[PDB]
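Here we start with a single chain on its own, the form deposited in one PDB entry, put down as structure tokens.
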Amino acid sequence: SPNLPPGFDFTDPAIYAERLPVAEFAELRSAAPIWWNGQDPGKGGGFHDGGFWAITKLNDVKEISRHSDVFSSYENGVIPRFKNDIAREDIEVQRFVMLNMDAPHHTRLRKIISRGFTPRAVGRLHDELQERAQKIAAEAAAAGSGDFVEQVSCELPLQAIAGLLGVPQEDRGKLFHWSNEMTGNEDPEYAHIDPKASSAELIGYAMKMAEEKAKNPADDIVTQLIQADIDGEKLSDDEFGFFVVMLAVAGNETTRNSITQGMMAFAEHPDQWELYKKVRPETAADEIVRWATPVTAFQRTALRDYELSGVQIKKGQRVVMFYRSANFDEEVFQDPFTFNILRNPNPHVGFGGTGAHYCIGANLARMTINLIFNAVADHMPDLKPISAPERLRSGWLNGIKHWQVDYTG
């Protein structure tokens, strides 16, 4: 038995509203790397199966991720915590995004979606996102101080999605609003926000975009997705709507929280910040993602009995891959608790473990991170925090809602 308080639940949103449970994860890696996380009736975050297996070692996370034939994303979705009284149908509706599908449905969709994340398509966004990163930093600097999350972290990830999809500038304001309103629904600051209605408006806008491109096909990603190839595979209008919802959801808070927590790490380690401003190493992005681990945990469901590192996982049981624990696995990383922007190799699982569902936007995220921190170094090299950050109440997402900083220093 690990040295934990009785009834500790690693998906408890009340934990992450206050802290990352780093020491509790380290105790599991030390005394029980695969530990049954029991859950009382009605306190399962929408799941009523009694609990889950906490997966805390990077090797075990990687094994689950590559064995998608056994560990299903579709059965219960990949998000391990919602509001306790969520209806089952609201969990299953997530199966319309490819993140919560299994093969062969997932395989078909990913093949089509791959057209949109080719090195070409992502690389073609570099110039506009650099210009936007410089403009964001310059505006924050001119403001002198403010909420780093809103003034520096929030916009560039949304502009990457907008620039990727070819969204007209006049529409990006409401698009960003809908994308942000699907967020942090478990936090009291956003308790009055309806993520269902926001998704419907995203789907409506996306489907109209697909209808415009059906009559006006140009050379852009959206056309390539809604244009049938030789084998006739393509995104239907509604599937494109679900793809945009996925991007607006997947490519938003995660990159944002990487930027905020990366700057928090720089503030806590000024020697690393001084090093970054001089050298600007591209390895910084991956260490920032390891340190930030924006997705604390995703889950899978065992479709058959499976033995994982001497532990018998039974059919139907959930496994929760705690990336936050794996990214600080003492047996994998040299000095895991050291923030080292020059860390290489850096085999973190912040983008998930290698497998069918590995983050398709990983290189877009790295580019966004590298560009915004170059802009921060260019325009506010002496920025200093004003007060402590406010964390997001979530059982699986690692979010910073607000962080007051002084750009002038």
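Between two forms, the rigid core is defined as the largest C-alpha subset superposing within 1.5 Å. Positions refer to the first chain, counted from 1. Compared with the form deposited in another entry:
- Compared between these two forms on the core, the listed residues 195, 336, 163, 184 keep their C-alpha shifts below 2 Å, save 184.
- With the core superposed, residue 104 shows a C-alpha displacement below 2 Å between these two forms.
- Core-superposed comparison between these two forms: CA of residue 85 displaced by less than 2 Å.
- After superposing the rigid core, the C-alpha of residue 119 moves by less than 2 Å between these two forms.
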Given for the second form:
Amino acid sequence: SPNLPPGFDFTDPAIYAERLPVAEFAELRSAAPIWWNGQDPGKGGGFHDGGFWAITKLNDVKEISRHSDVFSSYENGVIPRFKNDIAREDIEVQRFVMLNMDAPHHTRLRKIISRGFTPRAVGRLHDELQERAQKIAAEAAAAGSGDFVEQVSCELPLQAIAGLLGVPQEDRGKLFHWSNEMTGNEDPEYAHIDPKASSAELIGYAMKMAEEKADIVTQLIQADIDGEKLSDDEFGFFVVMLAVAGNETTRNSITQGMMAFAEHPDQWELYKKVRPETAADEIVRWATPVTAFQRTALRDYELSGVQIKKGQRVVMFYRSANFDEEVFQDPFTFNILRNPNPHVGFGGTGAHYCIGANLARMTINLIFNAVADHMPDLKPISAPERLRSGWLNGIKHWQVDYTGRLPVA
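Shown: the form deposited in one PDB entry; wanted: the form deposited in another entry:
So it's only the chain below, everything else dropped.
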């Protein structure tokens, strides 16, 4: 029996609006590393199956991620929490993007799309993203103080997506406005936003992009050496998946990496001098922007002595796995030189491992270089405001003094 409150649910958005449940994950790793998280009827975040297995250890997250024949992404999608009254069809519509497909459909799409994430493809974005990062940090520093999320974290992930796709400069504002409405949450600050309508507008825009382009886009829509290509429709769903996979994730890694530097000033001093490229992985481990994704067992499977049954969901808590005391040396220390760094912030190794990981790391290293260049003495003004979501670990706002000159308490 682990020591938790009765009825505790690790996917409860009301927890994450205030804090990460770090103590509770540490209790599970220690005492019940695979634990049945029951959910009362009508309180399952859109799932009506009585609860899920909480997976808290890094080795178990890797084993589930490897065995995608047993642990399905398609069956229930991979997001483990929606509003409790969501219609089943709105969970199943996720199946149109590759993250929520199984083999064979997933395998074909992943092989085709991997073309867009070659070393050359990602490297071709470096210089424009470096220039853009420099101006973002300089403009924020010139403002003196402001919301770090909006003025520092937000723009570069969006420009990385826009650059990868070759989106015309004049269309970036509208693309960014759709993208910022599309990853749903349950936060009252965004309750009036409709993610469906924006997703639909982005699909239309992308299908036309495919029509007109007829960089990475040409490669994806033309037959490759094994004869495969995206239809315009599949290209539309590919663009939607980038808009949701690569926006708030990287953005939250930037905000929480800065929050870590503020908490660990010796690491920030070391970073500013040395700018180690290993920093990006430690920032992703520390930030764990996706707290959890799930799978559904398609057959009975014994996982580390626990008998998972056909049809049951398993929720991989990357936030727990990334602090696994058996894997990391002193996981509760932020160490920008950590190497190796076998974190699962981009997933456990397997078929769905984040295809954007190198682009995310480049975006993170470029923005931190620019922050070091333009605002080396930044200090926070007030505590971060966290996002109400049961699976995304988000920071909505964080007021900072970029100059470090204002008085602090």
